[PDB]
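Visitor: Got chain A sorted already, so can you dock chain V onto it with the hints?
Here is what each chain is made of, one letter per residue.
There are 2 protein chains.
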Amino acid sequence: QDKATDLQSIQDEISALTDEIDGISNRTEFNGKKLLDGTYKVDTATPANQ
Amino acid sequence: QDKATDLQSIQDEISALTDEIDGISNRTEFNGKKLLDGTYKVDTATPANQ
Numbered sequence: 103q104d105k106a107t108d109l110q111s112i113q114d115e116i117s118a119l120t121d122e123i124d125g126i127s128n129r130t131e132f133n134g135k136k137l138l139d140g141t142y143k144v145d146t147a148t149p150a151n152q
Numbered sequence: 103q104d105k106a107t108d109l110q111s112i113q114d115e116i117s118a119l120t121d122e123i124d125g126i127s128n129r130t131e132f133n134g135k136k137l138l139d140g141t142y143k144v145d146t147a148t149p150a151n152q
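Which chain is which? The protein sequence lines are A and V, in order.
Read left to right, the first sequence gives residues 103 to 152 (the deposited numbering).
Read left to right, the second sequence gives residues 103 to 152 (the deposited numbering).
Isolated chain A (complex conformation):
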């Protein structure tokens, strides 16, 4: 699976997919409200910001 740029191509594809994960994590909204992003972290070192 070499040429190494024939991995660059795969890399490009994968990077596009990770961009889509960023997309979904950002654009997911119920009545305008973003959910998946870090707004709703489980438990930080400061539990006052859960």
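Take these hints with a grain of salt, some might be off.
[To be verified] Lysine-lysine pairs mimicking BS3-like chemistry, simulated, CA-CA at most 25 angstroms apart:
(1) V:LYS105 x A:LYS143
(2) A:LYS136 x V:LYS105
(3) V:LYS105 x A:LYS135
[Unchecked claim] The following label-pair restraints were derived from C-beta to C-beta distances:
(4) V:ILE116 x A:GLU131: 50 to 56 angstroms
(5) V:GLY134 x A:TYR142: 53 to 59 angstroms
(6) A:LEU119 x V:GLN110: 36 to 42 angstroms
(7) V:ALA147 x A:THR148: 20 to 26 angstroms
(8) V:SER127 x A:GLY134: 37 to 43 angstroms
(9) V:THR120 x A:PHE132: 26 to 32 angstroms
Hints in this document: simulated from the structure, not taken from any laboratory.
Each residue gets a CB set at the ideal place from its N, CA and C atoms; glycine is no exception.
Guide: Okay, now just chain V, sitting in the frame of chain A:
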């Protein structure tokens, strides 16, 4: 139930209802005589003004 202005709307509704409680407490009259308002308090710190 967020957007927070989609709570502002609810707030507006509730504030209208509280205005209606003020209404009823003021406009309630038997032969012109207001009853519900503080005219007829139970017992103040001055019982001379019950």
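Visitor: Could you run down the list of hints and mark each one as holding or not?
Guide: Hints and how they fare:
1. Between V:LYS105 and A:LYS143 the CA atoms are separated by roughly 19 angstroms; this keeps the pair inside 25 angstroms, and the hint holds.
2. Our distance criterion of 25 angstroms between C-alpha atoms is met by A:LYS136 and V:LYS105, whose separation comes to about 10 angstroms.
3. Restraint check for V:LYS105 and A:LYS135: satisfied, since their Cα atoms lie roughly 7 angstroms apart, inside the 25 angstroms limit.
4. Look at V:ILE116 against A:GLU131: about 26 angstroms separates their beta carbons, and that is not inside 50 to 56 angstroms.
5. Take V:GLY134 and A:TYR142: their Cβ atoms lie about 58 angstroms apart, and the range 53 to 59 angstroms holds.
6. The beta-carbon spacing between A:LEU119 and V:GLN110, approximately 39 angstroms, falls within the hinted interval of 36 to 42 angstroms.
7. For V:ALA147 and A:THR148, the hinted distance range of 20 to 26 angstroms is not satisfied, since their beta carbons lie about 47 angstroms from each other.
8. For V:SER127 and A:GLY134, the hinted distance range of 37 to 43 angstroms is satisfied, since their beta carbons lie about 38 angstroms from each other.
9. The hinted range of 26 to 32 angstroms is satisfied by V:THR120 and A:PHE132, whose Cβ atoms lie roughly 30 angstroms apart.
Against the hints set out earlier in the document, violations occur for numbers 4, 7.
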